[PDB]
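Single chain ahead, written as structure tokens, the form deposited without adenosine monophosphate (AMP).
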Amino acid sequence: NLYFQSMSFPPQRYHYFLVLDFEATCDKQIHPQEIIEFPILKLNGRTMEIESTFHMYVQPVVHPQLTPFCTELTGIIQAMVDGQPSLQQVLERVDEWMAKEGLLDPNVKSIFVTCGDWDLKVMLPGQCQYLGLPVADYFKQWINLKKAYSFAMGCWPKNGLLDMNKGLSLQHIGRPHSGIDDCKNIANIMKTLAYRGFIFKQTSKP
């Protein structure tokens, strides 16, 4: 335990890590899928502590009525998405938040962190393409935590956050399949890996 005193929280390659996990319209499946929860956690790059939070629910337009499957899975009821801005508006708000947080200065280095590749490889660019919206350059590089974890632990977490929490002896934070709570769990896992001396790197193909 003194074993880690010098190793823990090493210098990292980024000033900040931006933890993101979407929830989306869905069924068991409807199309196009639309982002209904847009969280970002700004983590101190050294300590992994949460320093700022972006969180918006988003009003879906093509399938505006959340399905029983969607609600029961995500916890997101209709009342939570009803008066809310559209994805385009939410993306402008993210950009304002990036600006306000000093994340758009060329000298300030940050990278998104997600559980899996779906959200930034598939979901965001897919919906943006459908809407005719550009994808900001900062969404185009990320770290898949499942891959970071498998490198650190020599073991693929098939069941995602629940497997990673198990492997690191961490109690689950909040509610599974809630965007923000998944973000808090990603952040907690990162903290523990950093405590063990893990240096995070882009996993996203350039």
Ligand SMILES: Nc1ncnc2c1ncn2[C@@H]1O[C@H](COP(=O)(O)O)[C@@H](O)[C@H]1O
Contents of the next structure:
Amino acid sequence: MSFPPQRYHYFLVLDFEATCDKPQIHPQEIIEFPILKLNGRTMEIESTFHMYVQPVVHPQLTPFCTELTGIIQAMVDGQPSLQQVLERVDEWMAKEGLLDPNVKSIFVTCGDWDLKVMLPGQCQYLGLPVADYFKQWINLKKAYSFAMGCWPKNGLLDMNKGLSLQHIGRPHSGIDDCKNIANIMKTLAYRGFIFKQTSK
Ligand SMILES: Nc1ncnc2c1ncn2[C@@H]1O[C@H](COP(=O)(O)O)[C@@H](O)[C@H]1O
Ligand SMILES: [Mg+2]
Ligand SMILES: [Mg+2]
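I have the form deposited without adenosine monophosphate (AMP) already, so could you send the form deposited with adenosine monophosphate (AMP) bound?
Once more the chain from above appears, this time first in line as the rest of the complex follows.
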């Protein structure tokens, strides 16, 4: 069946961008915080959270970071820091109705890095608690591997290739990466896939 019933009322698509450099900067810090709220059955985008984030440990974006992500210094200057952005997320979650225990939602990311490594690592560095809703997620690469029977080599680009989808927007823009996740999910649901939590 195409677009079967799903286990969640909403899927929350997230794909950070972070400071970076060649070789890699340390520590990395989140600079773009997107969440797309997808209707759980149709995978259509119903709401968007989007904030750029001001880094503090390495406050000046490197040339490599701006080239990779397209994020220029003026986009992070004057922004709230991660601590405040996380409070804005909680407020957005509340207004969207996602803190009701009987509304079931789950984050979806391309890989485990965002919520297994990046967010808890920075929150630990800053001494910040991680909200419980960030502690479960679906790794789209793993979901795709069950839906298609194969392991994608390079993330969103190869999942779009395998599904004959045109890429949306710019790779390594957090919000555009989220739109591609959402488009891949919609196609997997069209083919009949029922999404499941993959995080441990
Ligand atoms: N090729 C790369 N070299 C160095 N850092 C990278 C690279 N690709 C991604 N990153 C880092 O990982 C973050 C998330 O990657 P992505 O979602 O692919 O844009 C980026 O914002 C960078 O901080
Ligand atoms: Mg990513
Ligand atoms: Mg990204």
